[PDB]
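Single chain ahead, written as structure tokens, the form deposited in one PDB entry.
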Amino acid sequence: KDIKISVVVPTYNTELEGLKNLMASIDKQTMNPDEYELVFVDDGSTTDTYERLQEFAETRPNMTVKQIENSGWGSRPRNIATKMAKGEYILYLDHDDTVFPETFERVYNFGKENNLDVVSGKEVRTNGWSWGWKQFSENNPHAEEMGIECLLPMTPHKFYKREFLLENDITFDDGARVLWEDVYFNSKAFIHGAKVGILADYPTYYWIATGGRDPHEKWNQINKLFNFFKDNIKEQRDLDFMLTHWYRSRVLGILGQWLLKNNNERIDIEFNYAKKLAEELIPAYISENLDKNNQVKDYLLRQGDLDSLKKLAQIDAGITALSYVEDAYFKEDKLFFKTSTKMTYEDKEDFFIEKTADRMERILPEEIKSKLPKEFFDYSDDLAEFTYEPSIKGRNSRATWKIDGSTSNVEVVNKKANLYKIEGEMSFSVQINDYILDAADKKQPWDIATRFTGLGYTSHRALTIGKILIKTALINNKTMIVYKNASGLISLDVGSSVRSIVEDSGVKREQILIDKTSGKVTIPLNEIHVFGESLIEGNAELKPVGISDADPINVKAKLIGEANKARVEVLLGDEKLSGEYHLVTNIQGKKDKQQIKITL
């Protein structure tokens, strides 16, 4: 039949565990296995990786395992596996990553119905509160109209139409040690006019963190990358974006706190390379596309003023925006938050800007202020561009999502004299179903964070609270617990992944009902928000008081939510019991610690 997707996996001394997880993620795919193929190419492993791949391919007719040499200096397994691929779309999956169980089906149906050459699906990384925060915000079947920006982040973990790659001969550069090999690949795809679509409503690829250092090798590659942009990108809008994006992130990105973390010898090497790269490759008009703080860095870089840049890094050290929980409560079937934040230095004293004449200036010493153009430390034009947004991250899937529907407001307040602070307030609600897309997501801890940007600073940090916060809810067969974790950060347990809803709700101990004839023991929950109907099956353990090593007597239990009240019913069944017993409930794998004792 017609192969819809080809999975390209290059391998070399692959960890067996990560390879097992990779094969499991492919087997979990909702797409019929005869509609995709797996193309593995071993790069001459010194371990038994190729022997394990053959054992995998025995029971999988859609799997192909090829073994080459050590790439012969100038050869790449991804190109070799591409020439033998037969599918309509190709995914370049690394040997220690995984793929979500509905990726193939969702990605293919999206690319087919929009005739896409590149499908850029939502990507997930182990660490961080976001990835592709701007691009993975909504589905865009005609993303290539945005310009070359639609392909960011330019990982090789997209779905490329095999017909498009072979026609334009888009391969991976056959250099043994080329960095950002995927940036060349994605840029070449767009230069040849690829129809690009962004699939954002479902996480498609998990880039797992497993884990350059040579400043000469690093800056040799940075020069090679900018020379690629200037020589190949012919559309002005696209070229200006790549020049601006990589000059800000990689070139100016060493002129900040990087100066405070490296010795003066390494600083001299990279700063001299950066200044040489700015003057030769980066046009002056790129400065127009930068924010005020990056314009200051760009100006001092070309001036060779490394001394003023080091002082500026010390002055800027620790600027951040941390959000405190002002209120948190369940209402109907949602969890509501009210937060507050302000720009500070390390969550301590406020960050200030100064008002001189009708200008809102960056607070700087006069010695540095005289060295800079007057407009570069004036924030007057940017005091209405603040963003304040909430986000959520699943602790198991590592997938991050923006929490939609929030209302926020950021004010520039005159605290004293001519000094102004930046304060924000936000209120949002979380409908947990908006982020449950796989069955595995139903039972998972969730972590809440806030993203605050303004005046050139991006501050995306976990939501925090100081007071003790533990609030439970039972909403339409979903057990939900919002709590301050041991790090003072806000977490949301759904499905009893880490906490016990009976233990955190409490037990009206003096209201336990023992129905001896029906054999039912009713244990009502104390503090808990109950909405809708709920019946969660579980079990419980009875143990006679006094007998040390008594076997637990296993009985059926169920957590019930009805009429805005929660209770656990324990059914004694055919058990013949007499005396005092310990009663421990076991709902969703979590045992309470309420020390319940009943007399039968």
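Only residues modelled in both forms are compared. The term rigid core refers to the maximal set of C-alpha atoms that superpose within 1.5 Å between the two forms. Positions refer to the first chain, counted from 1. What changes on going to the form deposited in another entry:
- A 2 Å or larger CA shift between the two forms, after fitting on the rigid core, occurs at just one of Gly405, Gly175, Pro365, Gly304, namely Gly175.
- After superposing the rigid core, the C-alpha of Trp73 moves by 2 Å or more between the two forms.
- Listed in sequence order, the shifted runs between the two forms are 71 to 75, 175 to 177, counting only residues present in both forms whose C-alphas move 2 Å or more over at least three consecutive positions once the core is aligned.
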Contents of the next structure:
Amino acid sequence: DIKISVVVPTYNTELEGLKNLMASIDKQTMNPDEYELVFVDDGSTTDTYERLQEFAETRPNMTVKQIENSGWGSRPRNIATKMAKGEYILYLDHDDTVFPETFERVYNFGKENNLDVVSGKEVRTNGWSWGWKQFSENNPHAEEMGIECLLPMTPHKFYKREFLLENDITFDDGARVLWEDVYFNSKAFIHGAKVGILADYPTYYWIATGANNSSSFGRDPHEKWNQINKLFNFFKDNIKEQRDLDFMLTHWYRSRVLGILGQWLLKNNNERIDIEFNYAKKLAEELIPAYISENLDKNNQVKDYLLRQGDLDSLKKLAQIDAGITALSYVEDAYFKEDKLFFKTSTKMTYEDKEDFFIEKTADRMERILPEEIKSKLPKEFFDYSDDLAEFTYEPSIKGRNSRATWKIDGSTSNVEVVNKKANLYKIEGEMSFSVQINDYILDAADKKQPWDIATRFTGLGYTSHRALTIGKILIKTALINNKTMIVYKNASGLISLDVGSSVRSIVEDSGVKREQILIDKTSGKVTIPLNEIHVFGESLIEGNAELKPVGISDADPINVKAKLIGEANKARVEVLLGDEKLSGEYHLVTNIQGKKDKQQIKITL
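Show the same protein again, this time as the form deposited in another entry rather than the form deposited in one PDB entry.
Partners and other molecules omitted; one chain follows.
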């Protein structure tokens, strides 16, 4: 009785990625006798099928089958679903990987709460978030929130196999379609799936390669909007719950239809803009009710209005007025305190991190700044930000540079003010203070030695700016906290990074060394090297080593000796143990804690 079936459609699969896929499944904490691997090759030209069988040689739970090419992943996933015998199915693409505890955590979460779909936290290579809303907390009763509980609607979730089979839930392969994972997840919810969200552990890594697509399907504007029309018609005809239908109509109208009416207009030729604008206008009139836009922000209500009027020229004019609106955060102070790293940051809305972004106070109204030729074409309520000045968000986030996983940094406090800069003009300014407990984000053992990058997420007046936290001054601060070496620093791009476990930087080199305070107890053979500036909390002992070379003998072998990085009584030191090495004269001394050597140029005389 198999707990999990891994459905993997392959087609001309790149060999290295296929090997990484196999290693990520082999390293599951779940016992191998309790999951199943089903690979369906979709008529590959490469030796992919031969290699899939070569992989299946060593695995009594991996099944491989070859069919002729179907042009997409829908057909192989459906056949593999009919071949599977596990309780839950994971649709794993041939270029992705899975985190090592995914199978065990997901199944126990699904079995305990009797879930039909488990939406586990998904990681993507690029970006500072993915599912920032939906992956914010575990929710075993997520389907009570509505169909939103399945976003983002990738197919990389865990589905109850008998639920799919009893409701005839398959990927649309009889027709050629984009967003097949959106159809698949919506059908799952329409038939009443009990959904749970597992957000406290990264379950799936969706990897950005360089060859994600090479087909003629979807690249032209006519096929694109044919697919968009088919998706909206699918919602209006199949979603029976009014709340769920309104969510899907609002979410997809805002992102894919109104989404071409902003900066997109500045990145495309007039021939393409004219084609897509007419399609979008026609869809709004034909499929999108007027009430959908009443629950949108002021800016999206402006785009919706001008779209239905065919006033593309005003939209182009608005795209240029809006070009560059953003909110970058600067570090006001960064310091360690007890076992945490503390930050104080500040931001404001600007054009491209330069002059201030402004709104106007006219009478009792807080208005968007527009030329009077634009304001004379719009309902006056659509550029009035009065009822929106308290809807600002300002939050920190972190991202592991190895795992690519992103997390919100909890416990932060912020405050956004609408301040009168000059005359009747108002700028928007934010301040925020937060701390980082690095253990919150260390889930796999690999996470203990990793660089982390800090970012801030600012939303308001309809704009969203999620950008790396930055600092102008040189920032280098080290800490030895409960056996964790930590270095917060301005990296070479001017952004804020945090190294933990000497992944990229040397804590001895960044702390400095009191050279004139080095002690040499030659009877015990112990060389003590006090570190200069370092925040030490708790007791630490990190084993490492060091290298000695006789000065002047430039070709000499390193003399390998043991070393210890010690934190105690809020001081840090490196102790080098000479041991049985007989030494006489001056020597270069280089410490090697956690695989990172210092550049302090230490010389001792023995």
